[PDB]
Structure formats: structure tokens, C-alpha cells
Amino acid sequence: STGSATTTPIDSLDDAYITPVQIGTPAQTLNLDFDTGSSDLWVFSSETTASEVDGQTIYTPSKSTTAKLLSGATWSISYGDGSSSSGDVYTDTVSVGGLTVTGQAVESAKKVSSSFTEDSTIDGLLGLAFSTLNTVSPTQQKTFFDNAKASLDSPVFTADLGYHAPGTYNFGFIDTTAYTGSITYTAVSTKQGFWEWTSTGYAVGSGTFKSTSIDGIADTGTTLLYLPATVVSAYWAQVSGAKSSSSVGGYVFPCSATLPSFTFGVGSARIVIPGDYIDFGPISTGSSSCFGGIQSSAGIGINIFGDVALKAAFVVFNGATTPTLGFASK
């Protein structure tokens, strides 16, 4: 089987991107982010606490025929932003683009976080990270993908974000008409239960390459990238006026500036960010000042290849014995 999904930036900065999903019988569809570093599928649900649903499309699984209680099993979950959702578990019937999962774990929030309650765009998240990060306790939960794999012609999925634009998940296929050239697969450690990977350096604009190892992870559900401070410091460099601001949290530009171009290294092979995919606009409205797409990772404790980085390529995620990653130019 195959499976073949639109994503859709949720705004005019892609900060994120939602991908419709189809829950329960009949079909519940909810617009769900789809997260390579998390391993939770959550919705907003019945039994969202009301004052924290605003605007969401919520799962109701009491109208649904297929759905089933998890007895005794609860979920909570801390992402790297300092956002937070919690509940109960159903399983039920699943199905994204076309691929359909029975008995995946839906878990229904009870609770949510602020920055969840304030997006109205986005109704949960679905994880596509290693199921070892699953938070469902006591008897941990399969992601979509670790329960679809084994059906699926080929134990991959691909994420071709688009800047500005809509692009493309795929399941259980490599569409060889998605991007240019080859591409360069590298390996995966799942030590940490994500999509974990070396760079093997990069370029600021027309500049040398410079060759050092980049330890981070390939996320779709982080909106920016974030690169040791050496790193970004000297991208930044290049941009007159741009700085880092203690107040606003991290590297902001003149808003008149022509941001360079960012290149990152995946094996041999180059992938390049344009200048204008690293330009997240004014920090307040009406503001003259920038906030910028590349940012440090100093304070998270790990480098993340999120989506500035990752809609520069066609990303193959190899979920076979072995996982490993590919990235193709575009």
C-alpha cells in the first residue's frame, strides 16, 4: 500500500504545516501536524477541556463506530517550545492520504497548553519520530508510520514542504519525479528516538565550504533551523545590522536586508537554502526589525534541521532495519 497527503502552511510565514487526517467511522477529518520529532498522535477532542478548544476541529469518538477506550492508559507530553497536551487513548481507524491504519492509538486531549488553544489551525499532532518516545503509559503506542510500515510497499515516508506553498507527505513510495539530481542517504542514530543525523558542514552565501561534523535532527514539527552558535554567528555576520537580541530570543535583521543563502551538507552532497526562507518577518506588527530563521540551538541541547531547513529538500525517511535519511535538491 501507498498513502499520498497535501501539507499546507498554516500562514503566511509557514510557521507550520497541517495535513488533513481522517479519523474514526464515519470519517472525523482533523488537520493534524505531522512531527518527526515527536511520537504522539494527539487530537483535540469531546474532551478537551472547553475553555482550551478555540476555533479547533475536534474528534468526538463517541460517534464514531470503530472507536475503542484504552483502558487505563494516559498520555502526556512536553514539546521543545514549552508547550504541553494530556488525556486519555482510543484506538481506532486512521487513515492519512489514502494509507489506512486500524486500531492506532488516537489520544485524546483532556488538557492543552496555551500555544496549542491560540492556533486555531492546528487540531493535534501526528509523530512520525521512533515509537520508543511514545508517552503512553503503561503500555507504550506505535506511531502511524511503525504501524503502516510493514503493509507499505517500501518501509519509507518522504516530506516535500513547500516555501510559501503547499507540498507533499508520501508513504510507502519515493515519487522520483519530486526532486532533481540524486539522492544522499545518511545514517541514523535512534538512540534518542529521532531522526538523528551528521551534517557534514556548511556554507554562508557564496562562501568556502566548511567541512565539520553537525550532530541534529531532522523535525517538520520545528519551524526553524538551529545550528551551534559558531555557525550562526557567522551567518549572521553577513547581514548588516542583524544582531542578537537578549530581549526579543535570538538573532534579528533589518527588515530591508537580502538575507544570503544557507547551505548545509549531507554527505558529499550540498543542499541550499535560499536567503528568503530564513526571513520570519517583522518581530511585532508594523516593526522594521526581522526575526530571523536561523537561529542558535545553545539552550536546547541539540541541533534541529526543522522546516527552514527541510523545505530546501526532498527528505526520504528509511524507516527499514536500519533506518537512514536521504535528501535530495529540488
Contents of the next structure:
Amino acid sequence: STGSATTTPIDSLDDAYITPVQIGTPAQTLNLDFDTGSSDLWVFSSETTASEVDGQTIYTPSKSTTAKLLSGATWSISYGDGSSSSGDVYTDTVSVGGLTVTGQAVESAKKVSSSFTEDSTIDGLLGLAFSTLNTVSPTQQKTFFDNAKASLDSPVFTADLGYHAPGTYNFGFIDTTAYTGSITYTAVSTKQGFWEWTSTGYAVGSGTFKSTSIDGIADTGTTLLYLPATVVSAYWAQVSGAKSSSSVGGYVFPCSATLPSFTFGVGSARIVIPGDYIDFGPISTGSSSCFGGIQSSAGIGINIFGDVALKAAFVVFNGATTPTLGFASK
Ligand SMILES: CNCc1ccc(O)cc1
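Return the structure block for the form solved in complex with 4-[(methylamino)methyl]phenol (RBJ); the form deposited without 4-[(methylamino)methyl]phenol (RBJ) was the one displayed.
Next comes the full complex, this chain leading.
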């Protein structure tokens, strides 16, 4: 089997991308944020505290003939930005892009934090990191990908995110029309439950490539590219008037600037992030200070190759017995 779904940016900055997902029978279609940095499939639901729901589409298990309470199971998760959600668990049929899983754990939110309520475009998250991070207790549950794997033609999914445009998530096959050149594969560590890999270095604009190992994760759920402070300072030093602002919470730059590209290494291959991808626009409506798309990972405890980086590439998440990541230009 295979599946193929279009993913669409939630706003004009590509803060996140939402992909339609069918849950239940008859289908209830919710727009979820596919997240390679977490391992829970959770939804706004008929159980979510009514004051915490503002415009999201909800899953109603009582209207699904295939929904079953997973008796006793609870879940609770927090994300890097201080947002969180928790609730109980149903099993139901879940389809993505034509690929169906029966008996998928669908984590129903009873509570969500403010930055979920305030985003009407995200109806939940679909985790695609390793199932060892799933928060369901007392019986940990599998991700949609881990449940689908045995049915797939090839144990892979691919992320092809758009810059200010829709893109595609594919399951079970590699669309050889979707990228240019060859895919370079690189080793993954699953020790922390993430798609963790080591980049071979970086360049800023037309500058020389610096060969240096940068451990990090491939995380579709993160907007920005979070790298060591050395690397980030080297990038922003090339933008006149850029500075790190404690008040704003990262590097800002004059909106009048033209940003340089950023290149990262994948083995002997190179992925070039155009400068335009690093612009996240005014810090506040009408400001002439703009927020940068490359930020320090100091204090996060991990480097994160988020959407700024991944949208520059065709990315293969190879879930074979020995997992690997692949990157191609496109
Ligand atoms: C913006 N805070 C809620 C949130 C949204 C999306 C996501 O991947 C994690 C957390």
C-alpha cells in the first residue's frame, strides 16, 4: 500500500503545515500538523474543555461506528514552546492520503494550552518520530507510520514541504519526479527517539564550506533552523544591522536587508537554503525589524533542522530495520 497527501502552510510565513486526515466511520476529516519530532496522534475532540476550543474541527468518537475507548489509557505531552495537551485514548480507523490503518490510537484532548486554542487552523498533531516517545500510559502506543509500515510497499515516508506553497507527504514510496539529482542517505540514531543525524558542515552565502559535525534532528513540527551559537553568529554577521534581541527572543534583522543563503552538508552533498526562506517577517505588524529563520539552539539542548531547512530539500524518512535519512535538492 501507499498514501499521498498534500500539506498546506497555515499562514503566509509557513509557521506550520496542515495535512487532512480521515478519522472514524463515517470519516471525520481533521487538519493535523505532521510532526517528525513527536510520537502522539492527538486531536481536538468532543471531550476538549469547551473554553479551550476556538474554531478547530473536533473529532467526536461517539459518531464513529469504529471508535473504541482504550480503557484506562491517558496521555500528556509538552512541546519545546511550552504548549501542552492531555486526555484519554480511543482506537479508530485513520487514513492519510488513501493509506488506512485500523486500530490506530487516537489521543482525544481533554485539555490543551493557550497557543493551541489560539490557532484555529491546527486540529491536532500526527507524530512521526519513533514510538518510544509516545506518551500513552500505561500501555505505550504506536505511531501511524509504525502501524502502517508492514502494509507499505517500502518502509518509508517522505516530506516535500513547500516555500509559501503546498507540498506533499508520501507513505510507502519515493516519488523520483519530486527531486533533482540523487538522494544522499545518512545514518540515524534512534537513542533519543528522534530522526537524529549528523550534518557534515555549513556555508554562509557564497562563503567557503566549514567541515564540522553538527548533530541534530529532522523535525517537521519545528518552524525554524536551530543551530549552535557559533554557526548562527557566523550567519547573522553577514547581515548588516542583525543582532540577537533578548526582548524579542532571538536574532532580528532590518526588513530592508537581503539575506544570504545558508548551506548545510549531508555527507558529501549540500542543501542550499535560499535567503528568502530565512525571512519570517516583521516582529510585530508594521515593524521594520524582521525575525530570523536561523536561531541559536543554546538552551534547547539539541540542534533542530526544522522547516526552514527541510523545505529546501526532498527528505526521505527510511524506517527500515536500520533507519536512515535521505536528502535531495529539488
Ligand atoms: C504554537 N504552540 C502549539 C504547537 C503547534 C504546533 C506544534 O507542532 C507544536 C505546538
